Structures are given as C-alpha cells and as structure tokens.
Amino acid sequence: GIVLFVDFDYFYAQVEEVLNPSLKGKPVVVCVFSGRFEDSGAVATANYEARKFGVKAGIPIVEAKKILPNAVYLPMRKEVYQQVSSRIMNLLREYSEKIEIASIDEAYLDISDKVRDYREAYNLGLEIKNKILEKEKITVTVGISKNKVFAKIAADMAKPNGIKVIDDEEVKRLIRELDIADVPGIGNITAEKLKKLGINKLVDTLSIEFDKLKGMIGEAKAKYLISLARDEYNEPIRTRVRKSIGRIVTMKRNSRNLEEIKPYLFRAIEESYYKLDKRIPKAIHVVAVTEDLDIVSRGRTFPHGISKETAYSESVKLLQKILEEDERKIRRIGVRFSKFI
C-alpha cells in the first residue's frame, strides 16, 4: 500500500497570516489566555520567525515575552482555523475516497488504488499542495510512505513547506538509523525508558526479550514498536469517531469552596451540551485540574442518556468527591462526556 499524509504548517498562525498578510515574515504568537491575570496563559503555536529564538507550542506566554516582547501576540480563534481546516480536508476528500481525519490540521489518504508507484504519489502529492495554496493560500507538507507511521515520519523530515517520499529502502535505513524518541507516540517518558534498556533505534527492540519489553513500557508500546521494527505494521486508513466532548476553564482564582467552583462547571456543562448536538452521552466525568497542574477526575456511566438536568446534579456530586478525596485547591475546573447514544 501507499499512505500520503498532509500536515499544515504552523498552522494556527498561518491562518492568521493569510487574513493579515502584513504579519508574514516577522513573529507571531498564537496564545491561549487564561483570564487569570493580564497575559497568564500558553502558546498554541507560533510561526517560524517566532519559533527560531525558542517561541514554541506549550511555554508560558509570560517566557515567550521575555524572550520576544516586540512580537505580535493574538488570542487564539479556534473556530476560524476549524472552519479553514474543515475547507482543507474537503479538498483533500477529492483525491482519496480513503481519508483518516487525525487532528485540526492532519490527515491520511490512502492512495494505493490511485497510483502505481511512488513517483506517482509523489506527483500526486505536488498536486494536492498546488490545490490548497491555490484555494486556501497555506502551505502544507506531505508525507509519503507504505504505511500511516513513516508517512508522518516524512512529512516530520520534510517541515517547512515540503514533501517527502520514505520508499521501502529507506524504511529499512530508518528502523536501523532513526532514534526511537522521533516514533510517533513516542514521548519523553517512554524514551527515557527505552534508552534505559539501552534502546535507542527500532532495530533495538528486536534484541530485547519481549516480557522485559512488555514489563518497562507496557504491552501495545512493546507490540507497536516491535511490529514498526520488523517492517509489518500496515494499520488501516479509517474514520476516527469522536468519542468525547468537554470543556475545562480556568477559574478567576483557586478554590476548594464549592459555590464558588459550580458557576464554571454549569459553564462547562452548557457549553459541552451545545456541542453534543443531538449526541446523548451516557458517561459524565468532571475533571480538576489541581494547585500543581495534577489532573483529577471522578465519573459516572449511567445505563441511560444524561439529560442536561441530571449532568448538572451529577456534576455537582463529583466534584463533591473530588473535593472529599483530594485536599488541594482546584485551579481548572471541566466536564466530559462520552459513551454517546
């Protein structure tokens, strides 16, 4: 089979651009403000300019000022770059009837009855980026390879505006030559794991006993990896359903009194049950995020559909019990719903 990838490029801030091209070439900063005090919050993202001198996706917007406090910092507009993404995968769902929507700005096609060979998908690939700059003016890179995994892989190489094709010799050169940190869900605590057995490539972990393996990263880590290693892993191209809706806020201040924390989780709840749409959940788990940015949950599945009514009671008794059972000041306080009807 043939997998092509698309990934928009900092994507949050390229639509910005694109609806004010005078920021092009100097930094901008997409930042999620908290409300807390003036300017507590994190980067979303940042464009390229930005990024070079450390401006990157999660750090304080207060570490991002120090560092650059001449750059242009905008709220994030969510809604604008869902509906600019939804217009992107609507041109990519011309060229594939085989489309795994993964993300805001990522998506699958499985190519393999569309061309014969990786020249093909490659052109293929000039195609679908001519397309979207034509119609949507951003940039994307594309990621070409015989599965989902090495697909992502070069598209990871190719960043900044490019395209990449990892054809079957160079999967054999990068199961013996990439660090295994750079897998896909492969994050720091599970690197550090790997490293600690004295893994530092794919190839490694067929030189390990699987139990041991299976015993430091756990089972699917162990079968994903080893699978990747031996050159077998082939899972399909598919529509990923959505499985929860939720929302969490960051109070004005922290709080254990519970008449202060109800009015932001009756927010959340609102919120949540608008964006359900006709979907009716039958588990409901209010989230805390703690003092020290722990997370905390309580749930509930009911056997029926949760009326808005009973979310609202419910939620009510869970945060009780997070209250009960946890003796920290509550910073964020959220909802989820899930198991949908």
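Residue numbers count along the first chain shown, from 1. What changes on going to the form deposited in another entry:
Scanning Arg240, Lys278, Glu79, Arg173 for the location where one rigid part gives way to the other between these two forms picks out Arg240 as the hinge.
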The other form holds:
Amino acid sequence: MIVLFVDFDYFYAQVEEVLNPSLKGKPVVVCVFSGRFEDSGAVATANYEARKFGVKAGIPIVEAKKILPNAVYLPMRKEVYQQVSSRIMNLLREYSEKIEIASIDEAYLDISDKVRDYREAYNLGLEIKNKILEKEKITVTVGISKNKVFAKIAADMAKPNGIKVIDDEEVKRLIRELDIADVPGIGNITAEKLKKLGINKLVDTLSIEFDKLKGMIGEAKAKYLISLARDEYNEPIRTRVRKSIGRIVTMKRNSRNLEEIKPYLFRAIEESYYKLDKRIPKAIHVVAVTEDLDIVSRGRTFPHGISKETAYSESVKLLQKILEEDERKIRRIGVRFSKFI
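Having seen the form deposited in one PDB entry, the form deposited in another entry:
Below you will find a single chain and nothing else.
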C-alpha cells in the first residue's frame, strides 16, 4: 500500500492571512472567546511567527497576550474555515476515490493504484501541494509511506509547507529508533506509562507480556502499537463510521434552573440532528459537566429509532434525573446519540 497524507499548515490562522494579506509577516493568533468573562477562552492556533514568540494552541488568551501583547488576536470563524476545508477536500477527491477525511485539516489518500512507487508518489504530492496553493493559496504538508501511521509521522516531521517520504527501509529503522512518544495516539500521559514499563521505541512493545501492556494502556492501544512494531498495521483508507454523535456546550453561567439550562440542551440536540443527517439513533445520553468539573450522565436505550421530537422530550426527563440525583450546579450540558439503525 502507498498512502499519501495531507495536513494543512497552521490552518485557521493561514485562512485569516488569505482573507487579509495585510496580516502576513505579522504574528497572528486565532482564538476561542468564551465570554464567561473578559478575554476568557483559549488559543485555537497561531501562525509560525506567533509561535516563535511563545504562543501556541491551547494556552489561555489571557496568557497569550501577557506573552505576546504585540500579536493580532482574531476570533475563530470556524464556518469560514470549514468552507475552505470542504473545497480542498473536494480537490483531493480528484486524486483518489479512496479518501479518508480525518479532520478539518487532515486527509489520507490511498494511492496504491494511482502510482507505482514512492518516486511517483512524491511527484503526486508536489502536484497536490501546487494545486491547493494555486486554488486556495493554502500551503500544506504531505507525508507519504506504506500506511496511515507513518504517512502522518512523515508529515509531522516535514511541516510546515513540506513533503516527506518514509520508505520501507526507513519504516524498519523508525520502529527501532523513533521515540514512541512521536507515534500518533501516544500523548504525554501514555508515553510516560510506557517509559515506566521500559518501552521507549515501538520495537520495545514486544519485550513485555501483552497482559502487562494491555493492563497499562488498554487492549486497543496495545494491539495498535504491537501491529505497528511488527509492521503489520494496514488499516484501510476510508472515512470512519462514527459510533456516536452529539454536542455538549458550556453555559454562560452555572445553574440548576431547568429552564435556564433547557435552551442550551435543545440547541445541542439541534446541532446533533444536523450532524446525524439520515442516521437514526436508538440511544440518547444527556451529559452534564458540574461546577467542579465532574461529568454526570443519564441515558436511555430504546428498542427503536429516536426522532428529533422524542429526543427533545426524553432529554428533559434525563436532565431532571441529573438535577434530582446530583445537587451541584451544572456548567456544561449536552447530548450524545449512539446505536444507529
């Protein structure tokens, strides 16, 4: 298999630069303003100039400004970003029928039957990069390898505005030499657990008994790493079928007032049914985050489909149950739908 992965560079901020060329060369920080109070919220992304001066995704806007008062701070316009994204994804569909949209700015193409080797793949990667730049003025990074995981690792290594092939011999070398913390799916918390077990590289995952590994990180992640280490990973390129779909929102203020909370819950349900499209759920869960940041959920599974109308009325009953059985104020409220017909 030959997999080509495309990851758009500093995507949100780059879109803002496209829409305002006056911003280029300036530090640009795109932000999620929460509005629970002043300048509350977090950095969604920053361009590479802003990162140079200490601002990165996830930090509080409050801290970002203290850090880089000099930057241009912009509200997230996700609807605008989604439109650019959708057009780019349609461009990519032209290069292969076998496409997997992983997120608003990432997609994998299975080009096994489109090119004969990694030389032609590299060439296709350049064509893709040029076309996206020509049509949307967005730079992207391309990663190419024998499976999805190494194609992404390649992009991670080459960004931004890059292209990289990890060929079959390099896959073998990296199984031995790559810090396992750099494997997709392994965050800092998981990397640390592995380090305690004596695992620093993919190849090390085989030095331990499965039950010990599975007991530390779970069976799913254990089989994932083991497959990678044995170079057997070969997951098909295709859009994932979601097992659940929902929406949970932060409220303007904490509350236990049923009718102060209902409007957020109901909007959550509306956004959920838009996302659901033609999928019909058999299960609904109302999910609350309390004032001190615990989660409480109450669900119901039916032996049949739940239309939007039954979702509304049942969600009320489930919310009442949360409020009856937990005396804390609620901070976030929403719904998740699952068990599709």
